[PDB]
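Use these hints to put chain V with the ligand onto chain Z, whose structure you have.
Protein chains: 2
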Amino acid sequence: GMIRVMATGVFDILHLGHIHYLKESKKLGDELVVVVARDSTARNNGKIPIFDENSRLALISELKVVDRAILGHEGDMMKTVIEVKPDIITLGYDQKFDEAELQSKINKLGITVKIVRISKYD
Amino acid sequence: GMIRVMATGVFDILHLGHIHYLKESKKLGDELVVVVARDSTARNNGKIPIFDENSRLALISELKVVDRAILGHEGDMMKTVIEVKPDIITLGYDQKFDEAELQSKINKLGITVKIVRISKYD
Ligand SMILES: Nc1ncnc2c1ncn2[C@@H]1O[C@H](COP(=O)(O)O)[C@@H](O)[C@H]1O
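For the protein sequence lines, the chains are Z and V, in the order given. This note's numbering numbers the first residue of the first sequence as 72 and each following residue consecutively. This note's numbering numbers the first residue of the second sequence as 72 and each following residue consecutively.
Just chain Z, same shape as in the assembly:
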């Protein structure tokens, strides 16, 4: 009985652009669940985080706007969305997903979710 919003990212060096992404995400519902990329997932995207996955998760968990934070699953965003059951998934201004592709992918799993692109912080 609440609108659950899922946001994602690496969150290596926290900065106000993150805060903008997370607050705009929280506004859309009641609960904000943040999925923090695994170090392996981050490397496979050509980033080696300065802070390890456990440290990045713990810091994100300390933010007022974050209700729950969990680690992602290496290789398997399908499973995260199945386990979180968001009503809404938010995409950062620069995140590399096509809203259409993501939607059809999620619909093939028999899940209905609203996908929203968040603005760049200025």
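Calculated from the structure, these hints are not laboratory results. Be aware that a few hints might be false.
Note: identical chains are not told apart, hence a pair may lie in one copy or across any two.
Calculated pairs, SDA-like style, for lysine to any residue (alpha carbon to alpha carbon, straight line, at most 25 Å) [stated by the list, open to error]:
| # | residue 1 | residue 2 |
| --- | --- | --- |
| 1 | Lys135 | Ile159 |
| 2 | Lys97 | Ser111 |
| 3 | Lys94 | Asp83 |
| 4 | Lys118 | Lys156 |
| 5 | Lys118 | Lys185 |
| 6 | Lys118 | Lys167 |
| 7 | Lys94 | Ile84 |
| 8 | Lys135 | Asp101 |
| 9 | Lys176 | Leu85 |
| 10 | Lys118 | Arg75 |
| 11 | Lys135 | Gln174 |
| 12 | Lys98 | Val136 |
| 13 | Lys98 | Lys167 |
| 14 | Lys135 | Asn125 |
| 15 | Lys94 | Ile121 |
| 16 | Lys179 | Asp123 |
| 17 | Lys135 | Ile189 |
| 18 | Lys98 | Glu133 |
Just chain V with the ligand, lined up with the frame of chain Z:
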């Protein structure tokens, strides 16, 4: 009685050391006020921060455990203490020298303010 705790720092790049300092400081009272160093002060103490003072302050304000955050005074700590009027001032575990120095200031003036060193972070 609502105990006011004052913590201080630059908080340039947030990390779990900062979180342990802030979180343990909050545990000691009811309101945590964080005093964030101005860019001139940090520079003058030989630590150039990469994030500007307004950014650092704004990010610190987003932490669950922080009730209020303010910019410090350009080179005059006792002026901050006189304005914030904390019940407790929190220092890092390593800072016994700063502790003794602050204690002499307190004692000469005869104000009621308790200094507490926070436990060493792991
Ligand atoms: N400057 C910014 N403006 C808006 N959103 C941002 C900014 N910086 C990071 N984000 C978002 O925060 C999430 C995590 O970014 P990252 O830690 O770079 O993976 C992604 O959705 C980003 O688009």
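Results of checking the hints against the structure:
no.	hint	in the structure
1	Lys135 with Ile159	both (19 Å within a copy, 24 Å between copies)
2	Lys97 with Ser111	neither (27 Å within a copy, 34 Å between copies)
3	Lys94 with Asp83	both (17 Å within a copy, 20 Å between copies)
4	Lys118 with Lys156	neither (27 Å within a copy, 45 Å between copies)
5	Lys118 with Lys185	neither (28 Å within a copy, 45 Å between copies)
6	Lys118 with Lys167	within (14 Å within a copy, 36 Å between copies)
7	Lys94 with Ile84	both (17 Å within a copy, 20 Å between copies)
8	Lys135 with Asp101	both (13 Å within a copy, 17 Å between copies)
9	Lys176 with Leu85	neither (30 Å within a copy, 36 Å between copies)
10	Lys118 with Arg75	neither (28 Å within a copy, 41 Å between copies)
11	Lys135 with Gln174	neither (29 Å within a copy, 33 Å between copies)
12	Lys98 with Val136	both (9 Å within a copy, 20 Å between copies)
13	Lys98 with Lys167	within (21 Å within a copy, 41 Å between copies)
14	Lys135 with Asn125	both (19 Å within a copy, 19 Å between copies)
15	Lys94 with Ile121	both (24 Å within a copy, 23 Å between copies)
16	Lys179 with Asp123	neither (33 Å within a copy, 46 Å between copies)
17	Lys135 with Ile189	both (19 Å within a copy, 23 Å between copies)
18	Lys98 with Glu133	both (18 Å within a copy, 15 Å between copies)
The structure is inconsistent with the numbered hints 2, 4, 5, 9, 10, 11, 16, although it conforms to all the rest.
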